[PDB]
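In structure tokens, one chain follows: the form deposited without the named molecule.
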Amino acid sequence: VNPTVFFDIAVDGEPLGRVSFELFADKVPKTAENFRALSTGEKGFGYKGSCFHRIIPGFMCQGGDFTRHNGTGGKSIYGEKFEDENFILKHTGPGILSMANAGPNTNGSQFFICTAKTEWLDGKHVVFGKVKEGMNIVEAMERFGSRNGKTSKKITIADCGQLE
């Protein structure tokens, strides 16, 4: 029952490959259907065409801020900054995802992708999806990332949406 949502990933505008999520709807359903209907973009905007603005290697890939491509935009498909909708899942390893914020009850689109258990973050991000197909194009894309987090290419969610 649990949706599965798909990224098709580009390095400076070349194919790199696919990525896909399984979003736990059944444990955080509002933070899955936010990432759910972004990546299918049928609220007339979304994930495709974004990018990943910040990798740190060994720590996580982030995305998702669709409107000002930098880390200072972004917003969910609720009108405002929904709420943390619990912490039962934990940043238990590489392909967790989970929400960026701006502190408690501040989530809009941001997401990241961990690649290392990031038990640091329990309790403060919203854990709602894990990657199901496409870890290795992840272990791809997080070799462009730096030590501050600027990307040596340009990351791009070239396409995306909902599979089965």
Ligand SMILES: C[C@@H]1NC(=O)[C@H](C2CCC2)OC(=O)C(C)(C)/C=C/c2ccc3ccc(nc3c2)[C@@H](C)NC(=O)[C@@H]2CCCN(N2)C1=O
Contents of the next structure:
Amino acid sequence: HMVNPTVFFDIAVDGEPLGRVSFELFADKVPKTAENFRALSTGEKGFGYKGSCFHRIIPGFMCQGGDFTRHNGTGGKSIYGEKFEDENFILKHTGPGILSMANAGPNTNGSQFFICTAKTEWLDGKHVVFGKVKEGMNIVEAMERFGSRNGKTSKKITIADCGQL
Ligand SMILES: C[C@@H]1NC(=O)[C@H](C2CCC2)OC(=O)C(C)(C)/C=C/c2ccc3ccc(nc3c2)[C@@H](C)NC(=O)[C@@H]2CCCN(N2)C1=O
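Could the form deposited with the named molecule bound be given as well, to go with the form deposited without the named molecule?
Everything in the complex follows now, all chains and molecules, and the chain you saw is the first one.
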């Protein structure tokens, strides 16, 4: 029987440790999308999220990250190539904690992702939901306080370490 993977991010604020956020990845529903995020979190392909930042945090909306090639929301790449397809839209944006793929149009998933801090149902069926925060929503809420209405962060929010549990 297969068990959904768990991954962790250790978050830092201007280089100062903040806490750990862990995620369940719904490999049972979106295996290809789950596997991308899993492998980018372990670094096992030779690239991934360790050291990258959350480039846009909008309080009461979402925290977005995963651009480890241009560091500002314009870059990123998947373990399958520069981009990969939308797998399915089985799972919906039901509330805070949902983990979902950022994109630039149909079938443009790469490495960027977002963590919901509110229900974002208008994104259903165009962003692939593939996971959820398991532990450490308090740390996501602490990260959120460094966001702003236009998404610029007031301190640098980084993934100091990440991997699989
Ligand atoms: C739609 C967005 N896509 C990207 O960020 C992709 C990247 C390349 C693959 C992912 O970047 C692009 O398309 C370009 C480089 C053209 C930048 C767009 C951009 C810039 C600043 C924004 C400021 C604010 C907003 N949207 C913004 C969107 C508000 C309204 N929405 C969001 O913050 C949503 C939340 C769900 C995740 N999420 N952002 C995305 O998936």
